[PDB]
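Only one chain is given next, in structure tokens, and it is the form deposited in one PDB entry.
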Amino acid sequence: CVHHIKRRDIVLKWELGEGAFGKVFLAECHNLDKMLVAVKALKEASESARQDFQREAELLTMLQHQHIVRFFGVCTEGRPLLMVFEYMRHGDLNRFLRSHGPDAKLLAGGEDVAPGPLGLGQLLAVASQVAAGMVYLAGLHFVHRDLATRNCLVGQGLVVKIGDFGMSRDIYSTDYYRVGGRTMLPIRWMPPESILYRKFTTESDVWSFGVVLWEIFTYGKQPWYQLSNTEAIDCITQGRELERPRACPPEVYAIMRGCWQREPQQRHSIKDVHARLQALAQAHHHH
């Protein structure tokens, strides 16, 4: 089951950032010799969060693929609680897309090594890699339920992995709609059946992948940024389609549309989506 780790073996360097979960730190783990790792700490860690911690750790232990952030274990001595991960140096995929879009170079400075917007090849490589993670999850009849670029990570070499299972959801982010009470839904990434009746399936994940493609080729824009969430619920539910992004080739748009068929069983399978993206990333390798 869940590998445990001794607090003494975890040395915190510095905060990488904060979230709903809590802080994430760069750290040095020992005995895995001497190693660089990401450590997510728990903000509250009282009761509900203490057993949602149980869940995530068990889940992350379960999953093992080159496109899922690797998990090493936890540390339950004292407080607050910690999860330990491999280190992805370029952070979340959403911020990475936006900062490396058509004003990466046109707005750089000192701490700016090798700017220039991301090209077609790089975008496809990001897309194919997120697909692969998802092919894997579909294979285990696993349903993510919150696939979006904010829950992917980027590591050195444009290595992109799925890194979070939306276990902690930002109460204050427009990316989420409070259905009622404490339940937050990422409605802009969800299809009609999920928005109306919370039917989550591998076919609702493929829809969300479609939307991830859209985020990728708009360089990180929020789907339906023009709309508030209630307006967006009405469009999505009425059958409205996001526009082909400026940077998006027609063939990539046709894939998005295959992920967005209205009837779930008519959506393209993630496996076929993955293959078709890989073919496209192949055919552009040398241009």
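C-alpha atoms forming the largest set that superposes within 1.5 Å between two forms make up the rigid core. Positions refer to the first chain, counted from 1. Compared with the form deposited in another entry:
- Taking the core as reference between these two forms, the lone member of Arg257, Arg50, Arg262, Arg240 whose Cα moves by 2 Å or more is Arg50.
- The Cα position of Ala20 differs by 2 Å or more between these two forms after fitting on the rigid core.
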Given for the second form:
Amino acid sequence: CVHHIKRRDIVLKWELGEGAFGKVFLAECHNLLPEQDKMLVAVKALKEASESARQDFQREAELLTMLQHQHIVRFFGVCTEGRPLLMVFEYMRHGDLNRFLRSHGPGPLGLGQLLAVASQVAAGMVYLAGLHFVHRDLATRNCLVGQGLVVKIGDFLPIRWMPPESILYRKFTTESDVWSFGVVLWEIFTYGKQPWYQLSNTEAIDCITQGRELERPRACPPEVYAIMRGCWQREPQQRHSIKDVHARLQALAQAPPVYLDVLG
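Since we've got the form deposited in one PDB entry here, give me the form deposited in another entry too.
Since only the chain itself is given, any partners or molecules it might have are not part of what comes next.
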């Protein structure tokens, strides 16, 4: 059951982003939380109001409503009082993790900070794995960064993030998600760079399917590269579980390896 927010409680302030779906605005919301009279929220407005996409919107709203986790973006409800159909999410100050990594890279985020981001993404993924949920498009662009480096997951064919069985057979599983997490690990330690930036969309597919792995990032300790390599086993059965990846990452987050990217 979805919460319904009255239109007069939502005050649009500044457009944050957009896509083919519609636009995302920074907004002030009243009578949402008890302690706060007005608070910043991000509103997704939908371009279409037709029954074909009206039920599809409600499907995402119900799914979003059910998912509740420290590292899954907070969903607050919907406004279906005419068109456009509004979707209210919490406001994450620094936007998507991809922009945040690029803007904080060559001040620049430290190894501990990078491991913290990685650990938080894996935490949200452990939750989805537990519910048998397959994200399908896990990437830093689909993650948001709020106050105090709090990272959460959002936007529930990105072949660059996909494993071989997903590229060739269109098969997405918890194991295909694990591969994508290792690609996301690479993105973090490269400060938001694209997987296979050197290659074309078709050259990358050939590279992935043949069994080539992304080179170890300059700012990536060998211990973290070992974790990505565990995510990139060609056979989905030989890939590490996300619960495992998270726990390994969690150990390095509390006790970061004495590694200086300068030394290599």
